[PDB]
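**Q** Spelled out, the chains give:
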Amino acid sequence: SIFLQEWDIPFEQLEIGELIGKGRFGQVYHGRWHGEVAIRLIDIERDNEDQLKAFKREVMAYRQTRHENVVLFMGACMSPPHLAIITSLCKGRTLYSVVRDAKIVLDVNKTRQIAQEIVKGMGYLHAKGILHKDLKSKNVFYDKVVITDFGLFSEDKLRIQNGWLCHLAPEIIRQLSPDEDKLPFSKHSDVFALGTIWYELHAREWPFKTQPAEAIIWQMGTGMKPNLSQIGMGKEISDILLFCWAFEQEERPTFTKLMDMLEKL
Amino acid sequence: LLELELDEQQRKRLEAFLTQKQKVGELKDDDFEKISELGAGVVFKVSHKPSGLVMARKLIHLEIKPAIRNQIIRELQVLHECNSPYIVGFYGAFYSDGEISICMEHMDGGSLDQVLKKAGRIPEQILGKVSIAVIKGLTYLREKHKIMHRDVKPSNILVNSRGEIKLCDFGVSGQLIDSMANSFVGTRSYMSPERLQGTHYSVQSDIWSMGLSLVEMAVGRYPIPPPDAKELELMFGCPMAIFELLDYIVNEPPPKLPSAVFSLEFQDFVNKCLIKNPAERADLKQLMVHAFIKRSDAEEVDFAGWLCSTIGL
Ligand SMILES: Nc1ncnc2c1ncn2[C@@H]1O[C@H](COP(=O)(O)OP(=O)(O)OP(=O)(O)O)[C@@H](O)[C@H]1O
Ligand SMILES: Nc1ncnc2c1ncn2[C@@H]1O[C@H](COP(=O)(O)OP(=O)(O)OP(=O)(O)O)[C@@H](O)[C@H]1O
Ligand SMILES: [Cl-]
Ligand SMILES: [Mg+2]
Ligand SMILES: [Mg+2]
Numbered sequence: 653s654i655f656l657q658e659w660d661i662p663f664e665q666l667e668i669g670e671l672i673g674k675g676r677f678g679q680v681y682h683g684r685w686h687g688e689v690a691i692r693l694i695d696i697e698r699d700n701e702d703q704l705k706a707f708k709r710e711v712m713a714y715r716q717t718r719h720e721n722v723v724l725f726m727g728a729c730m731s732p733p734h735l736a737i738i739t740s741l742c743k744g745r746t747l748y749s750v751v752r753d754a755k756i757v758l759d760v761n762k763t764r765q766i767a768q769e770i771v772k773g774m775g776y777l778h779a780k781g782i783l784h785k786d787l788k789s790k791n792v793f794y795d798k799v800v801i802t803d804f805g806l807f808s819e820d821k822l823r824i825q826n827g828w829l830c831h832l833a834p835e836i837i838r839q840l841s842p843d846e847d848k849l850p851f852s853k854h855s856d857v858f859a860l861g862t863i864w865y866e867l868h869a870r871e872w873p874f875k876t877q878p879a880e881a882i883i884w885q886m887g888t889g890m891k892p893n894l895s896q897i898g899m900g901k902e903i904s905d906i907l908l909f910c911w912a913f914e915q916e917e918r919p920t921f922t923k924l925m926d927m928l929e930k931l
Numbered sequence: 037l038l039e040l041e042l043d044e045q046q047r048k049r050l051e052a053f054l055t056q057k058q059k060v061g062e063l064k065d066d067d068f069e070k071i072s073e074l075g076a077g081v082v083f084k085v086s087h088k089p090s091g092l093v094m095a096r097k098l099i100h101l102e103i104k105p106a107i108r109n110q111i112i113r114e115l116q117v118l119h120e121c122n123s124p125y126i127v128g129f130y131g132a133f134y135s136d137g138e139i140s141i142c143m144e145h146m147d148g149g150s151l152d153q154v155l156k157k158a159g160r161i162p163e164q165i166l167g168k169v170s171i172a173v174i175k176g177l178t179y180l181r182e183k184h185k186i187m188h189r190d191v192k193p194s195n196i197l198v199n200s201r202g203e204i205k206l207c208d209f210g211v212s213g214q215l216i217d218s219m220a221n222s223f224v225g226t227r228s229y230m231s232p233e234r235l236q237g238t239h240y241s242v243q244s245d246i247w248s249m250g251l252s253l254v255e256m257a258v259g260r261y262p263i264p265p266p267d268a269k270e271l272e273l274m275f276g277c307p308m309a310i311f312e313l314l315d316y317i318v319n320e321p322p323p324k325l326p327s328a329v330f331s332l333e334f335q336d337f338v339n340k341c342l343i344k345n346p347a348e349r350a351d352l353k354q355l356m357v358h359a360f361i362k363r364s365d366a367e368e369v370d371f372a373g374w375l376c377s378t379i380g381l
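Here the protein sequences come in this chain order: B and C. Count the first sequence with the entry's author numbering and you get residues 653 to 795, 798 to 808, 819 to 843, 846 to 931, in order. Count the second sequence with the entry's author numbering and you get residues 37 to 77, 81 to 277, 307 to 381, in order.
Don't read these hints as lab results, they were simulated from the structure. Treat the hints with care, since some could be wrong.
[To be verified] DSSO-like, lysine-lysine: derived pairs with alpha carbons at most 27 Å apart: (1) C:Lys104 to B:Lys743; (2) C:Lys104 to B:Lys674; (3) B:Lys875 to C:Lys192; (4) C:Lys340 to B:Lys821; (5) C:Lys344 to B:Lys891; (6) C:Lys344 to B:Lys790; (7) B:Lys821 to C:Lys156; (8) C:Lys57 to B:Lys821; (9) B:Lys821 to C:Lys84; (10) C:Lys353 to B:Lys821; (11) C:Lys97 to B:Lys674.
[Unchecked claim] A partial selection of chain C residues facing chain B, derived with a Cβ cut-off under 8 Å: (12) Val224; (13) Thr226; (14) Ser241; (15) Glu312; (16) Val318.
Backbone N, C-alpha and C define an ideal beta-carbon position, used for all residues, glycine too.
With the hints as extra help, turn the sequences into a complete structure.
**A** What follows is the structure, given as structure tokens:
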């Protein structure tokens, strides 16, 4: 029960465009909230009329957030049947796609810069006390560098998708077959997920590039972090990579301490 | 152009499969007339109007661009030369506006997974024939196509009313598995202990699967975790986290066939498959000539007989 008028951004005419959204949660259309935005339609599941803190307190809090490293939250609207979330359309390329684009230079400093931003944004969301949970690589865009699709967790025998499995910290990787939300998602959950994106930046591919699902689960479960030094490698980088992946979620750096290290080279 | 060692009667059956395959040219989605649903993880018992036949068909959502499908079908074509009494012979492969459709032989008896549900527990005498067929099947693949099953489940061992036993769902399309990675996991595994750790999955990996599957066949329950004390106590007649199940598979001792209820010969068999160390595990040879295999091969069993005396038809 929420309407577009309850949002800062002035809305009068919102028109949908051509679908561009595969994704797990709903479909994403290249729409027009007057301007050029991206509309996600997550048609509501039946019943469950007891999710106030879930949105009556959550989504509305995404208002009053505004950072140069976070996608603009245009606003959403929960109807009885459906649900729709609007958001600034990023006019660029996903970090996933570019980090794999047919040969792009990207140094180690051009790498540091990418990481600088991602953590600046995540830091912001931290202070606002809002967990990203799903910080994939495919959820970063390049206009500068923009985070997106944070806090999106509101289907029979566990369907594990792509490299998503290699972003989940140990605490989480021990998951039920039914159960998809309400896992040990911590603020450390997020810092861990960042680590894997960092590896990605340097290795131009994400960890366990070849292992099956069950393999990742058990490997990452026993805390079996993949190699670091492989010609070419480099100290400094190698170090920070482990910190983010520390098996004990306590031993992991906070985004603000990680931003410091990030600036030392 | 042919093959070595073939049963007189099987040479009949397989020969018909070919003559009836030459009847079908292309693969029109319209020619197929949906009939009844079968399984999912999706297969339909459809019927080909032109060839006036009833063949089994599988297909799963795949919004892959036209550029991709052409290569997938190319690799998928290999299935043609993959004809054996111990393999579910296929027909062809095609797209469908947004999905790949594999057409293959229809085993009316369903996968052993289904049969194991409508029987509770499967007799050892039978598992012998099954074990044999499976071993010969996997043997055929590796020897004649260098291909290994890669995915051995009771849900992939098809058995028709002919008392026939054939394998299916074996990975033959490399490029396909790329998009076909990132998928369902579930609560029951068959990954050999070496895989979970990283070791390349030899054909012995499928052996572990077979071994594990076999156990599930007899006890009528997914072996791990092994039954309690009162559980197994009350089984003879006539809720975990994914990582925990896996971690168990890796460190804890494998499943064992309950002594007394099964021949020691047979026990040794499954035991030789569930050896957690790849190298130390039995190869498709040791098994092919194992005391158990030797016995069941001569063991006169009215397979199809009792078969249709449990699931009927
Ligand atoms: N805020 C946005 N700005 C621009 N494009 C977006 C935005 N959100 C989604 N998209 C597009 O939608 C597509 C995928 O939608 P979605 O975000 O649901 O899944 P994803 O980002 O690919 O992650 P996953 O597929 O793992 O859920 C991407 O190709 C992306 O380009
Ligand atoms: N060619 C076929 N003839 C008869 N039954 C079939 C055939 N192919 C599949 N089935 C039935 O479909 C079920 C399995 O379907 P499907 O292959 O989609 O999933 P699965 O084999 O259980 O899992 P996976 O595909 O991951 O191995 C089995 O119970 C089997 O009886
Ligand atoms: Cl050996
Ligand atoms: Mg997303
Ligand atoms: Mg099957």
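**Q** Does B:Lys674 sit within 27 Å of C:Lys97, going by the straight-line distance between their CA atoms?
**A** This hinted pair holds, its Cα atoms lying about 23 Å apart.
**Q** Regarding the pair C:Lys340 and B:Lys821, is the alpha-carbon distance no greater than 27 Å?
**A** 31 Å, violated
**Q** Regarding the hint that C:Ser241 lies at the interface with chain B, is the smallest CB-CB distance below 8 Å?
**A** Check failed: Cβ of C:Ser241 comes no nearer than 15 Å to chain B, outside 8 Å.
**Q** Quickly compare the C-alpha distance for C:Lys104 and B:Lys743 to 27 Å and report which way the hint goes.
**A** 23 Å, holds
**Q** Would the stated hint for C:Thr226 survive a check requiring a Cβ distance to chain B of less than 8 Å?
**A** Holds - the Cβ of C:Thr226 comes within 8 Å of chain B, reaching about 4 Å at its closest.
**Q** When you check the alpha-carbon spacing of B:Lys875 and C:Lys192, does it fall within 27 Å?
**A** 25 Å, holds
**Q** Does B:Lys821 sit within 27 Å of C:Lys57, going by the straight-line distance between their CA atoms?
**A** Not OK: C:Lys57 and B:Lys821 at ~37 Å, beyond 27 Å, violated.
**Q** Regarding the pair B:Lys821 and C:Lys156, is the alpha-carbon distance no greater than 27 Å?
**A** Status holds; Cα separation ~18 Å.
**Q** May I ask you to test the interface hint for C:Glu312 with respect to chain B, counting a Cβ-Cβ separation under 8 Å as satisfied?
**A** 7 Å, holds
**Q** Is C:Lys344 within 27 Å of B:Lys790, Cα to Cα?
**A** Violated - the C-alpha atoms of B:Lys790 and C:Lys344 are around 38 Å apart, more than 27 Å.
**Q** So, C:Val318 near chain B? Judge it on the closest CB pair being under 8 Å.
**A** 6 Å, holds
**Q** Quick check on C:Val224 please, does its C-beta sit within 8 Å of some C-beta on chain B?
**A** Hint holds; C:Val224 Cβ to chain B Cβ min 5 Å, cut 8 Å.
Going through the hint list in order, the structure does not satisfy hints 4, 6, 8, 10, 14.
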